[PDB]
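Take a look at this single chain, the form deposited in one PDB entry, given in structure tokens.
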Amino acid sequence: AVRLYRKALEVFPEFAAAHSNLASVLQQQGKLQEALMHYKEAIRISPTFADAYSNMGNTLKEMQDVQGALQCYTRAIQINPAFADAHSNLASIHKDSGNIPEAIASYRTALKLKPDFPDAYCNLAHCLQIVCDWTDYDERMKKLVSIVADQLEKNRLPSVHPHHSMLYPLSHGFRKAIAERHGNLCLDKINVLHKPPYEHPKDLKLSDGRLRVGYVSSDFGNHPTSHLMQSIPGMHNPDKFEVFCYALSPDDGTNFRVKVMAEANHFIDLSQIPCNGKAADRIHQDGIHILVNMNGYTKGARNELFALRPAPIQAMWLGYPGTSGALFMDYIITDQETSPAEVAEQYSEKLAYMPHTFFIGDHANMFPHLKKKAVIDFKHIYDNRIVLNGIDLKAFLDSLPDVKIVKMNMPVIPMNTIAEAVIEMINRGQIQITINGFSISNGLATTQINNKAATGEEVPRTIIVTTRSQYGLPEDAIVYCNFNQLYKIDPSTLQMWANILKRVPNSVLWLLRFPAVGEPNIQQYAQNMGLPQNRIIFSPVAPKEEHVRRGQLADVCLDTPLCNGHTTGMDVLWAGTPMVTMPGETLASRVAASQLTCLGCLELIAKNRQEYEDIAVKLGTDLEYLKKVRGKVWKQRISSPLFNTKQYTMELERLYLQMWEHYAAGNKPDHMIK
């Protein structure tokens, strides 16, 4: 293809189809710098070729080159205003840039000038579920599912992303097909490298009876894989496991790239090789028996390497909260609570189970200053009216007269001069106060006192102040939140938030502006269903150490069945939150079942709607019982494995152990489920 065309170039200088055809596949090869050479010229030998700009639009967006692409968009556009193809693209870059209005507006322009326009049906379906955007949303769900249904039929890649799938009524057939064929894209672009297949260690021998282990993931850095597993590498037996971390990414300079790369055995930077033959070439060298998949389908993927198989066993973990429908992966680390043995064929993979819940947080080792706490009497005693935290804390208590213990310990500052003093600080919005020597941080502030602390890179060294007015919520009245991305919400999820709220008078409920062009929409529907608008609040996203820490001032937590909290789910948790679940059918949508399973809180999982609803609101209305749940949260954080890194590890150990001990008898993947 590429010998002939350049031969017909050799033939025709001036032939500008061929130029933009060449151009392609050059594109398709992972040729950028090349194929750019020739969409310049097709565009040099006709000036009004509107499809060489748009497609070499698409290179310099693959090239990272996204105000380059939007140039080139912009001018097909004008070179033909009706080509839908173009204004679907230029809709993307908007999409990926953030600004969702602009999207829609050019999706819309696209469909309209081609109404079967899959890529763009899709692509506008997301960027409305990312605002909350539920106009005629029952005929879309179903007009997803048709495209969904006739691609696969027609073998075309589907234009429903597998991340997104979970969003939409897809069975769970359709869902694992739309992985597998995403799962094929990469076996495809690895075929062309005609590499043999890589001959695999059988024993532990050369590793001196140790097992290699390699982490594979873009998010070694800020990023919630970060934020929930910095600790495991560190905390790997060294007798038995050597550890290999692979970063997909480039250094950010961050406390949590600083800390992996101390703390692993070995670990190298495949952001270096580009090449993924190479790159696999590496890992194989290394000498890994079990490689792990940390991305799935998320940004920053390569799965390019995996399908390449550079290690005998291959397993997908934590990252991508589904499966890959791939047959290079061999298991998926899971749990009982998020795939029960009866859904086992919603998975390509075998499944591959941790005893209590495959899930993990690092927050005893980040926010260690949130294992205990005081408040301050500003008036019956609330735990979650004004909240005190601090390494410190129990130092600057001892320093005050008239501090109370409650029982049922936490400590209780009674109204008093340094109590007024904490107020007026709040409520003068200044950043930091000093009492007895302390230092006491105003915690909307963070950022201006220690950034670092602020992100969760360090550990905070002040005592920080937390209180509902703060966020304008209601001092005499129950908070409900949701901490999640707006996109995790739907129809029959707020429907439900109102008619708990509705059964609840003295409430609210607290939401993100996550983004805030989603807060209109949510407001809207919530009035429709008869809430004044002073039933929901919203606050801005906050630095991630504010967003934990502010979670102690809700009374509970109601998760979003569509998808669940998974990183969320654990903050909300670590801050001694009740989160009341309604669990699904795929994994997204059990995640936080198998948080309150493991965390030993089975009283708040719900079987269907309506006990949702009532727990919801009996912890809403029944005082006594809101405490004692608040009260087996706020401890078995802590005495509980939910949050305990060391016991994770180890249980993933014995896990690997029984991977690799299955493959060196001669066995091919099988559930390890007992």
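Positions refer to the first chain, counted from 1. C-alpha atoms forming the largest set that superposes within 1.5 Å between two forms make up the rigid core. What changes on going to the form deposited in another entry:
- After superposition on the rigid core, the C-alpha displacement between these two forms reaches 2 Å or more for just one residue among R609, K618, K632, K31, namely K31.
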Given for the second form:
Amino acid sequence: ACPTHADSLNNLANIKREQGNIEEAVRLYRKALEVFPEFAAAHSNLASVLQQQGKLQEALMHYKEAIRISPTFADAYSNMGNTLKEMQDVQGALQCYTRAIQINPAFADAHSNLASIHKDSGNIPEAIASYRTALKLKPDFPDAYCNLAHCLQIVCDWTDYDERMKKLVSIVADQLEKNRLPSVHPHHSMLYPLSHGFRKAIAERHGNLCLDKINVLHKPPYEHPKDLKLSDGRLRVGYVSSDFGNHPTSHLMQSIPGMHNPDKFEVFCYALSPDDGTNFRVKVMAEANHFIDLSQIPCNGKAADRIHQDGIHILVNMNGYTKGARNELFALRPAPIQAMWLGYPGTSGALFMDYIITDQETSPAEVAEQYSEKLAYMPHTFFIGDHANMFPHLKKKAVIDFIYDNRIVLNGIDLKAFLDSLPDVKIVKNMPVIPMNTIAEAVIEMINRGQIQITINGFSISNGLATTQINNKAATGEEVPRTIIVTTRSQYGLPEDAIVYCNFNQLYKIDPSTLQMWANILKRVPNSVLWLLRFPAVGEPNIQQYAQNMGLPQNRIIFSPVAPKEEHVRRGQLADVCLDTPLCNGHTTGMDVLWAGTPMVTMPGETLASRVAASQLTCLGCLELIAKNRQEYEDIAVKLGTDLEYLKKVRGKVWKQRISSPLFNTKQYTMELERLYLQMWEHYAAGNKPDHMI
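Now the other one: the form deposited in another entry, given that the block above is the form deposited in one PDB entry.
Only one chain is given; partner chains and other molecules are left out.
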């Protein structure tokens, strides 16, 4: 009836949407549609705010109405693509973006949204190409600039790096001042030189999005247990994770549910992911007191009701802002105590989180300001790994004298029996050494010939590069390998007569400053090499180009492919020293390299993510590997690479202390986690709100 009036109502709705008044936007778009039912722009604009409230099906219905009314409405197609992408319909999203760009070639938002599919598929050069098209058409485009910056970080393109970081910080500042959702993702924010205040505000605004989605449910506050009477004096602990399956989180904590004291604790595991069929999933399902698949319960209201009805005292957030998170569940507060643990190396910034489980080394008291949560300290490190259970063949080793601990390495469950079948095995202060006999030449020939395995004295001797051909489950870490495995520097092109510095982290953890520190070390330690991973492969030529410009020849940096889990951990035995990334430390990869007995040099920063390595080394008991500044990092690394007596001493310390220290003791860890859980409970039950447990 009146397009002009509907049109004013649509514009007013748009102004309200900008101001963050989403409920008022919805009210005004709906009145525009009463005044002009066939108003395509109102259907599409309304669908977008419905998408913000998690009403994806109702959004889809309005987008389809917009396109029914206006078949070449580019905005409706690009907006509908966003809703489909969130519904995990990547195919439909692509059709929508491609259709929006068919219609309007100059549509910056649609190029940026298409870039987001390329990014999410792993196609980073194509994501870069599309983001760059978006920024050429719309130079003021925070979402495209911030996502481009993350793409450039993944592939180690440091073109104009310091000016890039300045514009990132500037965009965040402007979005925080104007009360807009920052275009920098909280998880991504750990890679950029943002103030603690900006990192915490980014987190806080993302946490606050969960409310747009739970507010439309009109759920009242839950009533919480105030004692353990209903649960027989047992504390009900709920572990909420997308990562119960073949995921690093499971490779760290798969043992902890099973190891809880069932006299004091009732363990519930809330999976946000379907069953991926792996032993990781099998074990947590079998060893938890209860296992609830919330992938089956997509409504956060019904899912939260289920947690509340189970009687949970401490609900544990293992995702934070990682893939698969359903922080909406935490936003509804189905549990009286809600704690961040292990999955996310930073603050939620979120009203609905009470505690972050951390430690004095990771999160010292003077940086409490960085976190919205109260600090809950584990006694040594909050970090834990399942290495003792997953990889017990790496508990012991033997070498072939071709005396080096890390040129040719044997590992196996039956290693001692195999060695006892040989007549000429020496020991060293202990390390068994096979001399260059018939057996040794056979083992080496297998490696040089690229053979899968041989038999010696009835014992299966397997090529460490061929584990997936031998036992696919042994390759993933789902089972212990049953053969004796040979690992050699020759398998990876590493020099026999020079120091190997390694870093097995995603390349996005490297910045120019870090590669310059590494170059400084290599130039002080002749013939040494840096061993890095194709993580991903497209990052490799960038690193090489930067390293060559710093004076390092291509042959000083050795790249390997990312390996199946068991080979990645096993081959860390071939390194002399791990050089930790100061920007964001190795977390999982720190535990991995230490389990192989490789010393790791670290420079802790201020962020949780920049201090995990120092916390791991403190728990291990190797303070000599923690640097106070860049000069000290370079000095420690150079000393380990030039003084072979000191190297041997530091390597022995790590080799012994990975067993004797608490670092990999999941039984002691679980016992200390239980102490902390009952201190949180006792504090809540006496009627206190959260406080630091330090």
